[PDB]
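Colleague: One letter stands for each residue in the lines below.
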Amino acid sequence: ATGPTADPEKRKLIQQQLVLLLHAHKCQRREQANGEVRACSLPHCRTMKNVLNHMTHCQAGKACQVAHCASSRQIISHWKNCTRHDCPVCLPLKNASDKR
Amino acid sequence: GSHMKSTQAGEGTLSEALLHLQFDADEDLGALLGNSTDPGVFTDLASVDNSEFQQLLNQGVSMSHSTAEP
Ligand SMILES: [Zn+2]
Ligand SMILES: [Zn+2]
Ligand SMILES: [Zn+2]
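Order-wise, the sequence lines are chains A and B.
Quick note, the entry's author numbering runs 339 ahead of the 1-based positions in the first sequence.
Quick note, the entry's author numbering runs 420 ahead of the 1-based positions in the second sequence.
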């Protein structure tokens with residue numbers, strides 16, 4: 340009569356958000372080093388890069404009331420400290436980064 | 421988002437979206453977050469708070485979506 344304690348769609352959203360965040364930060368950073376850059380494979384880059392422009396000036400954790408600021412900062416704080424060799428959500432990105 | 425054939429759900433789209441993109445290997449995002457953070461924001465990725473981001477990413481690339489932005 341009630342829903343489960345966990346669901347795989349939360350793993351699909353965090354993976355779809357993480358893969359798009361890591362793209363958007365590299366997209367934001369490479370622009371200053373290149374004369375021109377091609378159109379991104381992910382359309383949400385336009386909406387997320389505006390959040391990143393706020394986030395370069397924000398580090399207050401849960402105190403910020405901006406929707407995407409806290410969920411992005413929550414991903415980066417994990418990324419900066421996690422033992423990514425065995426974490427189930429970090430693992431597929433850790434492997435996909437190598438194109439060999 | 422400039423052109424599309426049809427706005428419909430599928431399989432293997434998100435795993436392709438992962439395998440064909442670039443990540444924080446040659447350069448990284450550690451500089452924009454600053455030298456200090458708040459551990460009250462820290463949790464497991466499987467425990468993230470993101471229900472408002474769900475609505476932003478529903479506008480395009482995924483395994484199933486309500487619309488596709490221009
Ligand atoms: Zn981009
Ligand atoms: Zn903020
Ligand atoms: Zn992890």
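Everything labelled a hint here was simulated from the structure, so no lab data went into it.
Hints may be right or wrong, so weigh each one.
Stated by the list, open to error - Some chain B residues close to chain A (C-beta under 10 Å, calculated; not the full set):
| # | residue |
| --- | --- |
| 1 | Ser422 |
| 2 | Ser426 |
| 3 | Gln428 |
| 4 | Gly430 |
| 5 | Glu431 |
| 6 | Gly432 |
| 7 | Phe443 |
| 8 | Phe462 |
A virtual CB, placed ideally from N, CA and C, is assigned to each residue, including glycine.
Colleague: Just to be careful: measuring from the Cβ of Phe443 of chain B to every Cβ in chain A, is the smallest value less than 10 Å?
Modeller: Nearest chain A Cβ about 4 Å off; hint holds.
Colleague: Does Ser426 of chain B pass the interface check with chain A, least Cβ-Cβ distance below 10 Å?
Modeller: violated (16 Å)
Colleague: Using Cβ atoms only, decide whether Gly432 of chain B comes closer than 10 Å to chain A, and label the hint accordingly.
Modeller: Violated. Min distance 13 Å.
Colleague: Tell me if the interface restraint on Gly430 of chain B is satisfied: Cβ within less than 10 Å of some Cβ in chain A.
Modeller: violated (13 Å)
Colleague: Should the hint that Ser422 of chain B touches chain A count as held when the rule is a Cβ pair under 10 Å?
Modeller: holds (8 Å)
Colleague: Against chain A, run the beta carbon of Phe462 of chain B and see if the smallest gap drops under 10 Å.
Modeller: holds (5 Å)
Colleague: Would you settle whether the hint for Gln428 of chain B is holds or violated, based on the nearest Cβ-Cβ distance to chain A being less than 10 Å?
Modeller: Because about 16 Å separates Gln428 of chain B from the closest Cβ in chain A, which is outside the 10 Å limit, the hint is violated.
Colleague: Can you verify the interface hint for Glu431 of chain B: is its Cβ closer than 10 Å to any Cβ in chain A?
Modeller: violated (12 Å)
Against the hints set out earlier in the document, violations occur for numbers 2, 3, 4, 5, 6.
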